[PDB]
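Here's a solo chain for you in structure tokens, the form deposited without the partner chain.
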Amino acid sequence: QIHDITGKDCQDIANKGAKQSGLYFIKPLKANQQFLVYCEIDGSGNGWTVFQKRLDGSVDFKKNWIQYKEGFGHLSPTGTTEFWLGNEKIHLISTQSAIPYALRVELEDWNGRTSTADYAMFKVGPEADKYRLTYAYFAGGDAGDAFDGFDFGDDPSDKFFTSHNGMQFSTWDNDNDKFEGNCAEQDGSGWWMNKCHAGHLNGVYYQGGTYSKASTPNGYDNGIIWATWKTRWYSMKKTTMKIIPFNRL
């Protein structure tokens, strides 16, 4: 169920001997209390700390500010459950000791195809700054750089409106996006919204992947999308968001 070795993150845990993916307790520099996390440990001593997992539609991601801050969903020793670790926890881990962390987004098709996109020096700011997302540069991966924005063809400024670097976090009850409307409320989720998104992993779980403007009453493209890999009308089967010290790349 829960393992004995502890550390500041899952890589520290892997450095002390652990070799099994599962549940562990970690306690980041500024964390006043230790908390449970799911570590993904491979055969090379890499220990990834997982903060988001989607895989079957068992959890509703339309949650409020406090819920996204504190975390929701279920942690499993087998890693077969959906959850959002919580913004406060993501902030403590990603910023401890100025350690440079890499973010890996892992996506899976309804056809079995898996792809990734890595971001170097990933950080999530404090609540005072609405848990802002920042990264140095896109490090590569076959899923493409959706965080850089995308020209959907709706408006000439599409790319400027869909990039995510520097965006604050938004929920339906705490709008901090760059839109006249409320992106989080119209989509029904919590995310680093601009106006509104090119990459959005906290969307509605559409069975089968393919969906359309007809699926929803207003025709919003509110699924689990990553524009640089699949069409905005294609919703992912599984997603994983995880972090590890940059030197482990």
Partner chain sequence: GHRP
The other form holds:
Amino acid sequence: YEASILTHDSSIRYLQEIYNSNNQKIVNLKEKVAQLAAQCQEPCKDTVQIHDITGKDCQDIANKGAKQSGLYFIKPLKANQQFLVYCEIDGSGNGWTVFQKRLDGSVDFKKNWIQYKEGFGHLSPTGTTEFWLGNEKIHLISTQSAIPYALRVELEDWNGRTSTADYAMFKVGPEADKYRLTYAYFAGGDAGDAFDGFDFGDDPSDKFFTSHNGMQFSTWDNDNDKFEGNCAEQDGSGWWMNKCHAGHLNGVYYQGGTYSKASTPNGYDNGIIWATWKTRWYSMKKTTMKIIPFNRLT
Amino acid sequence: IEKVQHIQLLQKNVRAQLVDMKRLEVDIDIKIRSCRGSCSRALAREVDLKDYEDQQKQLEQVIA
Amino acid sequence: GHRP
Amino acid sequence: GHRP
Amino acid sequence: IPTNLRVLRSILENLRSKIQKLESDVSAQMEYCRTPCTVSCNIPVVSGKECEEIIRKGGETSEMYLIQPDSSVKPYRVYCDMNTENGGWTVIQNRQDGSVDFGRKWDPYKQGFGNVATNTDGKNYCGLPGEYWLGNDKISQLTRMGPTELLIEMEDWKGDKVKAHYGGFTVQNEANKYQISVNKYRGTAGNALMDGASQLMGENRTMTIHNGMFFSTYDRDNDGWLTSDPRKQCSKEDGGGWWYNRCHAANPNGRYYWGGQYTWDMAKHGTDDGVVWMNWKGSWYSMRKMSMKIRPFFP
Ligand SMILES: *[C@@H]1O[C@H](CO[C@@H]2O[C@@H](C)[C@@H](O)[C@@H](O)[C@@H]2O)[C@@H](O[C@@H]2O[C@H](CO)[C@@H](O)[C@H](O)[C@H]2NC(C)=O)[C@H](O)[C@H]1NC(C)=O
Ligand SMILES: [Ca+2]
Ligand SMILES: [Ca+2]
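Pass me the form solved in complex with the partner chain as well; I've looked at the form deposited without the partner chain already.
Shown next: the complete complex, the earlier chain at its head.
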């Protein structure tokens, strides 16, 4: 209101005391701000990590000690640069190099020549993503000097049933020969030999024109099939087409597994099929194509 | 006199402590937000310079 | 599949 | 900015 | 006469509380920092020497990619912009939300820091970029592989955008203090790197030119400012690692001021230490978005 001069001194010091008191708290606060900064320097922790061990292929890495399935870098002999891959490693010490995966339909497989050559999709440590490693890489892995390779196809329906198809002496040629697919023989498997063709009973040469051994690779922008039309374009995918196919794991992902002649625009069966195990109008739910040295397979 | 020149000191001591605090407020806002890309979460907040500025003027209205 |  |  | 004591006492108490609020906030953040933020970035199959090669290989979407400029260095993550100006842009610097601290020493700026990318709302791949500095060594190696153009982009807090394009861009190695060089400008942001702040004159403008400058960090002075006072260092006052002269026309790695507008009394050292680009908004406006991207230059 209007205190006395006698009060001015008691008060005058009261302010100086909290003022200094304040400057102190601040000195310590600024300090604490410093300690906080030291805690906010690291980036967010990425769950996905790539393993250190590398080699010519997954089996080579498994031999070097690796034990768990994950992302690794491999560098085949003829490979100019190294590249990332997904290795599946079992308890027996087998290291498969996976080059194809289907499981949800999240990845569009209607890609072009370069895309199928260089690869697309994503690699995950948990092996829960869809992808195509890339023709050139597959060629490089499967044609290392004096190393006979084997291919295993894994299928799963929408009822938890899984089947297999093995092929000995699996090989994929160079771009110069349009990444032609070849193998010595069907190594057996409860999924059946779709690569050998399948009699659809709609013609005499059905079988012959649905076989895949010896077939080059085809994409909409690069036709190399044994049909005057364009399989890859009509079926909208990239694959070793004949006229057209008996086994088609890079086809359109149909939810539920069951689809019809109506589902498609042209009418042709363009799903993820494998005739020797299910009808043309049954697209698988999960798919995986992996390779490993033949000597390693039994 | 004695009491007199004591005030001029606190007026400049506060005028400065204001500018300083106003700055610490900005600094802290910035440093806290820089934790969003490191820690689990960053404290949600907002700055109010208004208060700091109203007082800085409210003060000059006494150094007069 | 096949193109009859 | 600059520093005269 | 007495109202003097009235007022003062009022402020010194209000401040005492402000200190209380702040002390709380800082204490809370310290607790949240006992655990880190996380991400899960599944790696794209396609890879290459850098983003330009990756897009020519079919990678048409902007997201995090793994690149290996050369068989010497181990492959590393980076964010590719595959949409802006025909894509193939490798982001080497990105600011967008003040989530990362840029007032770091020399080693961190050499090694690189920040978050390359974050998960896209419910997705397995990180399709969004975080705030980061690629790393001087890496940036140097990328620019010396062949002619390289640089694209600097920015946006204000209202949504307006401008850009500064440099046809030629190079950054030497550590032994050369990461010396910078740029040329063949064009854009709407203003040629701050070559011509300095257009608001200054003669000598003043000239000391804000970055072209040719060396790189500095608050613990490594290589600026074009000769002094004796250990506190008169561009990096220290404008808080960030950059190619400071005396001091800058552009401070892309400055402090991220929320809102945009800021003043000399908010700055820790009273200098225009924000995400500045004078030639466009002056020295007291901090951009909401700022980034640097490089791509092989095909004449
Ligand atoms: C170069 O800058 C210095 C620093 O002064 C500041 O920046 C100026 C551009 C202007 O914005 C000033 O208001 C800032 O304080 C200028 O310094 C001059 O110094 C002389 C010597 O005391 C003084 O008489 C002048 O008033 C100062 N500048 C002016 C004209 O205000 C210098 O003049 C600037 N040179 C230029 C670009 O003209
Ligand atoms: Ca044909
Ligand atoms: Ca200096």
